[PDB]
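Number of protein chains: 2
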Amino acid sequence: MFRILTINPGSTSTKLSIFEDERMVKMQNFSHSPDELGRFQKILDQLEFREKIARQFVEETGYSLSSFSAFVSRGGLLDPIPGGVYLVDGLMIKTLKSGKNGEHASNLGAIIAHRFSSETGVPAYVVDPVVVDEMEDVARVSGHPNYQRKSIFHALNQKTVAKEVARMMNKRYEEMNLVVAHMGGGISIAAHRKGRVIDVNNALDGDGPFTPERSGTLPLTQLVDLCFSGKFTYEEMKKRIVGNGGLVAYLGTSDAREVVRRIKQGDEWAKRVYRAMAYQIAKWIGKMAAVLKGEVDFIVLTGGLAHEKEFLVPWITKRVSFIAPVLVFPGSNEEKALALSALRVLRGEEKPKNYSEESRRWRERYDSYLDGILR
Amino acid sequence: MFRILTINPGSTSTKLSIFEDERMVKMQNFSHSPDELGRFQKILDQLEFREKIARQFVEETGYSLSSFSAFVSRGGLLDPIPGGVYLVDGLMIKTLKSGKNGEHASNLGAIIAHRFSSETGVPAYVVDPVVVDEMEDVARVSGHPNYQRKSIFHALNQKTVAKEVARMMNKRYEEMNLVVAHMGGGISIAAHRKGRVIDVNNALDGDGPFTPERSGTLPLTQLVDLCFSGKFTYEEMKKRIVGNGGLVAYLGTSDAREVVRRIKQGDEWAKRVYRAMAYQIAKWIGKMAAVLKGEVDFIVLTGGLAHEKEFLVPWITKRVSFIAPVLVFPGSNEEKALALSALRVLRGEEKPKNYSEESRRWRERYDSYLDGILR
Ligand SMILES: Nc1ncnc2c1ncn2[C@@H]1O[C@H](COP(=O)(O)OP(=O)(O)CP(=O)(O)O)[C@@H](O)[C@H]1O
Ligand SMILES: Nc1ncnc2c1ncn2[C@@H]1O[C@H](COP(=O)(O)OP(=O)(O)CP(=O)(O)O)[C@@H](O)[C@H]1O
Ligand code: NA
Ligand code: NA
Numbered sequence: 001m002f003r004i005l006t007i008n009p010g011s012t013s014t015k016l017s018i019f020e021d022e023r024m025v026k027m028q029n030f031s032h033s034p035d036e037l038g039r040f041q042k043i044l045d046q047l048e049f050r051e052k053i054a055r056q057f058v059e060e061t062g063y064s065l066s067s068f069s070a071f072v073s074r075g076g077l078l079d080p081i082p083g084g085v086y087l088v089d090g091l092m093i094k095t096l097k098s099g100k101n102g103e104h105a106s107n108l109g110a111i112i113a114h115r116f117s118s119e120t121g122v123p124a125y126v127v128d129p130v131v132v133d134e135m136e137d138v139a140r141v142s143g144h145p146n147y148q149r150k151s152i153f154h155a156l157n158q159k160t161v162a163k164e165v166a167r168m169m170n171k172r173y174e175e176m177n178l179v180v181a182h183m184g185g186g187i188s189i190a191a192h193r194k195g196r197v198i199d200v201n202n203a204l205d206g207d208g209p210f211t212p213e214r215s216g217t218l219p220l221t222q223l224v225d226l227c228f229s230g231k232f233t234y235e236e237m238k239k240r241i242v243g244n245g246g247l248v249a250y251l252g253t254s255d256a257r258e259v260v261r262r263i264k265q266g267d268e269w270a271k272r273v274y275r276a277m278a279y280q281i282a283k284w285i286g287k288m289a290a291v292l293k294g295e296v297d298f299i300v301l302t303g304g305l306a307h308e309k310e311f312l313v314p315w316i317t318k319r320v321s322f323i324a325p326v327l328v329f330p331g332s333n334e335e336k337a338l339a340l341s342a343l344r345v346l347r348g349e350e351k352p353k354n355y356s357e358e359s360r361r362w363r364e365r366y367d368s369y370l371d372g373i374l375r
Numbered sequence: 001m002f003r004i005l006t007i008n009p010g011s012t013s014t015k016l017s018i019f020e021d022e023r024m025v026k027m028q029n030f031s032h033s034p035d036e037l038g039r040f041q042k043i044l045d046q047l048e049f050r051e052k053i054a055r056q057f058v059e060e061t062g063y064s065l066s067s068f069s070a071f072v073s074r075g076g077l078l079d080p081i082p083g084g085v086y087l088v089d090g091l092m093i094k095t096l097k098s099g100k101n102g103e104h105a106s107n108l109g110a111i112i113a114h115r116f117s118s119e120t121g122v123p124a125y126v127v128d129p130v131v132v133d134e135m136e137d138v139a140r141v142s143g144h145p146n147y148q149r150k151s152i153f154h155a156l157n158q159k160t161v162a163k164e165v166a167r168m169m170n171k172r173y174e175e176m177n178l179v180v181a182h183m184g185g186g187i188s189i190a191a192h193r194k195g196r197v198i199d200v201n202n203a204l205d206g207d208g209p210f211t212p213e214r215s216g217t218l219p220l221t222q223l224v225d226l227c228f229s230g231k232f233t234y235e236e237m238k239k240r241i242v243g244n245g246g247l248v249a250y251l252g253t254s255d256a257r258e259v260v261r262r263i264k265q266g267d268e269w270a271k272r273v274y275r276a277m278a279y280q281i282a283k284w285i286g287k288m289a290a291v292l293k294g295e296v297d298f299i300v301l302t303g304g305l306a307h308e309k310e311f312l313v314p315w316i317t318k319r320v321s322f323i324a325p326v327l328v329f330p331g332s333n334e335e336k337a338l339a340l341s342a343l344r345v346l347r348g349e350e351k352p353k354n355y356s357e358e359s360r361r362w363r364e365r366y367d368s369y370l371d372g373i374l375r
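One line per chain: the protein sequences are A and A', in this order. A prime marks a further copy of an entry chain. Residue 346 in the deposited numbering sits at position 346 of the first sequence, and the numbers go up by one each step. Residue 375 in the deposited numbering sits at position 375 of the second sequence, and the numbers go up by one each step.
For the record, the hints were derived by calculation from the structure and aren't laboratory data. Worth double-checking, as some hints may not be accurate.
Identical chains blur together in the list; that is why a pair holds if it fits in one copy or across any two.
Here are the computed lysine-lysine pairs in the DSSO-like style, where the Cα-Cα straight-line distance is at most 27 Å [as the list claims (entries may be wrong)]:
| no. | residue 1 | residue 2 |
| --- | --- | --- |
| 1 | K318 | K194 |
| 2 | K264 | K163 |
| 3 | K26 | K194 |
| 4 | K26 | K52 |
| 5 | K271 | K171 |
| 6 | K283 | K238 |
| 7 | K287 | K52 |
| 8 | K94 | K318 |
| 9 | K318 | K26 |
Chain A extracted, bound-state conformation:
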């Protein structure tokens, strides 16, 4: 019986849970109000504030941090790496604290687990960071030398549902081909070729179909124009990619249930914009089908939007069932996903990756690719 602690720091919340083997024994979401949050200049300044909530969470359990077998955290903005469960080390910490790859609340998670680790000797891990990158070189070329397509998406949910589909039919994730569509506030559509995400859109940076809250890919010219059109507000213009865009920008809401209600009342602009979102998701799924050369076992719809079975799901299904049957796996459980990955490691069913080495192996391969600087 292994007792595990999962750490999941988000932009506006902090989720923690305790697992005893595969059974969850405690979980609590600690939301943070804009007020309470704006009290910090840089994101790193929240470090002690959030650690305090975690120590407190275990504290009022009667258990001590040394009674745990592992501490597991959501990855963060680490350098590109293959999927898997990594041991938190010195290089990871240095990178996270220096925000060399950007600052994000999720970076605090690994740091927090590491300290819990230095005080108890218990192992700390991070699994499937948002920077998981397992794509093929051909997918990196963008059309212009000083631009690269990068793999930045909800890799944890992707990998997790893919393995769930396999396990459901007692097959191996490694022997299938899938098109998995994670449709939440962010939308990533990935091509899984034999356990490897060979191509996917850069969801986190706003590339792809538009979402309930993001605008997704936008017209090039019209952009470079409205770019320096005086309307320049590096911030304002920058929030139209991850904050103020998509359904919320057209209908004034990012709640699908609200939008479906309107469609049932005869709202035509609402239905036209919602239908356009499904239309885009379908197109991208088509892109990924072409990536797999048509060899697709299943198309999987997952994420919050997969719950909407009256319009969205049926619309997508009609357009893409010619590629492969459609399977719906609604939602996503980050806590359970992280704890199980740590259990597999503790049970010796999976080998822990070493971020340090693993990062070098990746950069070495990427650097050989990047050697296109030869004129």
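Using the hints, position chain A' with the ligands against chain A.
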């Protein structure tokens, strides 16, 4: 946004959770040691003890019981009723407190929700009690007039996975035919005919295949003999049906992972007994296939034992795939299951049943059946 509280009292534990719509915000399992538990004569005496833990659980949340939209509890030993979400009323309470249908820790749940209800005005519900009974008359005949086959199983998990399978393929639970096998410490195999469990074994009372901890159906003669063979210990002989039987009685453990480890070491008695359990599950699935006249869309393996994909799952699959394809849906989430059922009701997507009336409609039909007393 509806805030819901789920109440789940078990034999040795108490699980509570708080949902804000479909998002879980707090959950905690309160295990109770034999010492702390044996401090009460009758099960009803734990009433105030467990209520105190629930009030405390919400207490340290900052929220007040009146800020909730609903209180949801696991059913209990109520009189037979169709599946669904019931409003807790006076008749239910009277029945639970009087243990007329038996005493069980799960009975405390509804009672606790009801009080929370009388203090705040908020609605209290119980969903899919273990006594859900939707079988056909033909399935009730046992072979002897003063004996009836009763439907007592983990109806919540059954109903829940069945609907999940449907939703997965965007079809309606009401338009399919399934054989669902819940394989945990208790094993129920049910025939789902168009959204109605028309037949299933009385898992809770020890009828069916043997389990990791229960003996299941036993030889009649050998039983009636060993019945009054002096070895009579109404208790001891009674615990060989739900406590001391099955794998634990043969191998000395009810942990499948432990048993699989032994099989990998060459243990032959272990492998022979484990294989016999799969063998039995398969036979019962065959019984249910005959109940559906072969019209089966899918065979679904769910519950803890569904996690064991090295032996159990593959053994069952080989024996029954001639009936219909096999789908594996491991585990079971009671908290999420209860909260979602209350959300659907609060959202008006499902109508709440009235235990009082619903119980009469059931007994009336049963009584017409029972009218076989006409010589
Ligand atoms: N039952 C339901 N019916 C219809 N829509 C639902 C739903 N539950 C959630 N949604 C919608 O699906 C969308 C996504 O929820 P999800 O939990 O995946 O998003 P997120 O807020 O966590 C952001 P991201 O996906 O980038 O992490 C929501 O924005 C909501 O509009
Ligand atoms: N990952 C895993 N691999 C193999 N076996 C597992 C497992 N997780 C659980 N099990 C086994 O499956 C069985 C059932 O767990 P489940 O959670 O359904 O049981 P339960 O204890 O809740 C009793 P009941 O099913 O009657 O409520 C356990 O008895 C255990 O031996
Ligand atoms: Na777009
Ligand atoms: Na038996």
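Against the structure, the hints:
no., hint, result
1, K318 <-> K194, "both (26 Å within a copy, 25 Å between copies)"
2, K264 <-> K163, "between (36 Å within a copy, 24 Å between copies)"
3, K26 <-> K194, "neither (35 Å within a copy, 37 Å between copies)"
4, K26 <-> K52, "both (17 Å within a copy, 18 Å between copies)"
5, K271 <-> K171, "between (39 Å within a copy, 23 Å between copies)"
6, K283 <-> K238, "within (25 Å within a copy, 62 Å between copies)"
7, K287 <-> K52, "neither (45 Å within a copy, 56 Å between copies)"
8, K94 <-> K318, "neither (48 Å within a copy, 52 Å between copies)"
9, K318 <-> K26, "neither (41 Å within a copy, 38 Å between copies)"
In this structure, the hints that do not hold are numbers 3, 7, 8, 9, in rising order.
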